[PDB]
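Take a look at this one chain, the form deposited in one PDB entry, written out in structure tokens.
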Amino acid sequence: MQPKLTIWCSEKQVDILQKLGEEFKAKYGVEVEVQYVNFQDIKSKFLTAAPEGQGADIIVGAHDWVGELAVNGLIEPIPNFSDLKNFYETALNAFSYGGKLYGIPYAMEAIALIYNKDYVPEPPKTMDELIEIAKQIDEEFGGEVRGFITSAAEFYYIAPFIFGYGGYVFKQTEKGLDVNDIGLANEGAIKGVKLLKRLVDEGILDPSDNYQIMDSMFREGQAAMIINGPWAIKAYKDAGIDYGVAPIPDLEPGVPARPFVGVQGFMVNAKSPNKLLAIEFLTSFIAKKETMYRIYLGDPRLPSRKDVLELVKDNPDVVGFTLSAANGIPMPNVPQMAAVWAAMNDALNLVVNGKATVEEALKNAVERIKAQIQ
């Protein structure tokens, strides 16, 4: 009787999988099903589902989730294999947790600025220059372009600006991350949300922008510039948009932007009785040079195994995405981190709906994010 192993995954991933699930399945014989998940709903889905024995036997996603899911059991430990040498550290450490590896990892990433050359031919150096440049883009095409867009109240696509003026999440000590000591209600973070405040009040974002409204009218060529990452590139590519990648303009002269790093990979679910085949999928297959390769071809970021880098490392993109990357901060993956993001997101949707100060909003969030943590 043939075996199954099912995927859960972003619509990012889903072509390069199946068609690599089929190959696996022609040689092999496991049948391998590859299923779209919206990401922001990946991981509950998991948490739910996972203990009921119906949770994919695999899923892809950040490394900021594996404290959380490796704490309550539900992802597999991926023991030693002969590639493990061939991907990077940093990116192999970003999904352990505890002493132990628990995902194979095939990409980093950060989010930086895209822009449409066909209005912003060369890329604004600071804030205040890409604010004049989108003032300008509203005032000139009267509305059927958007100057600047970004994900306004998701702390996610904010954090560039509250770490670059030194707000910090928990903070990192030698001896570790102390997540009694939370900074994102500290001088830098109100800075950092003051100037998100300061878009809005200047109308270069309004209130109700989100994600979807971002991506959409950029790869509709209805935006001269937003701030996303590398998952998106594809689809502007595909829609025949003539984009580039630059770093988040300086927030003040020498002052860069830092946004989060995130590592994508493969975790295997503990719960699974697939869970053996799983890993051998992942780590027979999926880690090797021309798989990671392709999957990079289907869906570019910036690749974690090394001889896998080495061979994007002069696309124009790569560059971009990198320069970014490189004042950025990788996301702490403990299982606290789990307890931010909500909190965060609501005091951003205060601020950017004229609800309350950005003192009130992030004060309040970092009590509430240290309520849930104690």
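Positions refer to the first chain, counted from 1. What changes on going to the form deposited in another entry:
Picking from 134, 149, 108, 56, the hinge for the rigid motion between the two forms turns out to be 108.
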Given for the second form:
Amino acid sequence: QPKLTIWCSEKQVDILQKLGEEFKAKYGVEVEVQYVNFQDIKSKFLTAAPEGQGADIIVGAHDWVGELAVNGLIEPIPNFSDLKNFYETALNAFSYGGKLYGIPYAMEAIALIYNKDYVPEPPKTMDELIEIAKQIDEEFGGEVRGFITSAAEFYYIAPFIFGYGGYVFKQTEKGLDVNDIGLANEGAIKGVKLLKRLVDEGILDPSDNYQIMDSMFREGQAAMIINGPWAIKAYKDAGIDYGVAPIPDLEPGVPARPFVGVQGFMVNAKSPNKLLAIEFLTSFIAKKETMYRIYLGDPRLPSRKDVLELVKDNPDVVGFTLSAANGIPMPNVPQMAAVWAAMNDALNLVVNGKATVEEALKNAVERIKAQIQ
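Starting from the form deposited in one PDB entry shown above, please give the structure in the form deposited in another entry.
Excluded here are partners and other molecules; the one chain stands alone.
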């Protein structure tokens, strides 16, 4: 009795069970499908897969790909034509060393979230956002914030840094070059100079952080914020008439490029059944129709362009997904772990007037290059 085991999320079980039944009828292979918590998946896969007890297909975060791939535990996915229908950044997020290592089903990035009671129509550029923030600050006498984001937090400032051509690790045809760090190039400096300008013009406060951004918008005291899909239901429950759009273009023709987190299916490279696993993954799971069902089961930003077309009657999903499509995957390699605190520290120095952008970014990249060695 040849079989495939899949560890998946709770909202995928029924879809994957039915799909596996189709697979069994076409290929004679039984598909056993099991809900496993995201946390339990990475850890149990690392310990079980080396002993031949790993599920044949798992779900997981794109962040795991570098480790899983170098340890030889997940299998490269050969190219197929239907891949043209996936967002480039979803595929890139599941790619390592110039090879694809999974089929993404969901993306996550931040975008412009705005209170329609204060901003009927969202700004198309950052200059327009700034004008609008100003008028809100200077009218409702500082009980309503015109614009809030987490000012000293790298994850929230990234869209400015990357929009202008900043980058963490250079993206090449053979993978991320961890020795080519772009967090202090001209683009990167220009992005953080934008941040600094926001603080200098009194639009952002150096104390601004996530809690303040999130609570003020929920409580009707913020016109425009930059946040992700995870926040929206508490704003919905709180009766905010909110919209979602991409982060305004930095300047004409220069989109903001936020970090993007991606969830995907991966094949066990130790599986005795990996050829059939890859067939199930590429010919069944990866299909437009299946990916659409997956979205209906758990409405996360789709990894496929043709699935977005099918669900775009929701205006939120469009604004978020367009933001994610322009974004940059959080690097899926272990050298990223050192980057966050060095960048958060740099940004902190900038917003509190302690170091110049040029200097804060040069030192952060010095600190990072040193930690990687």
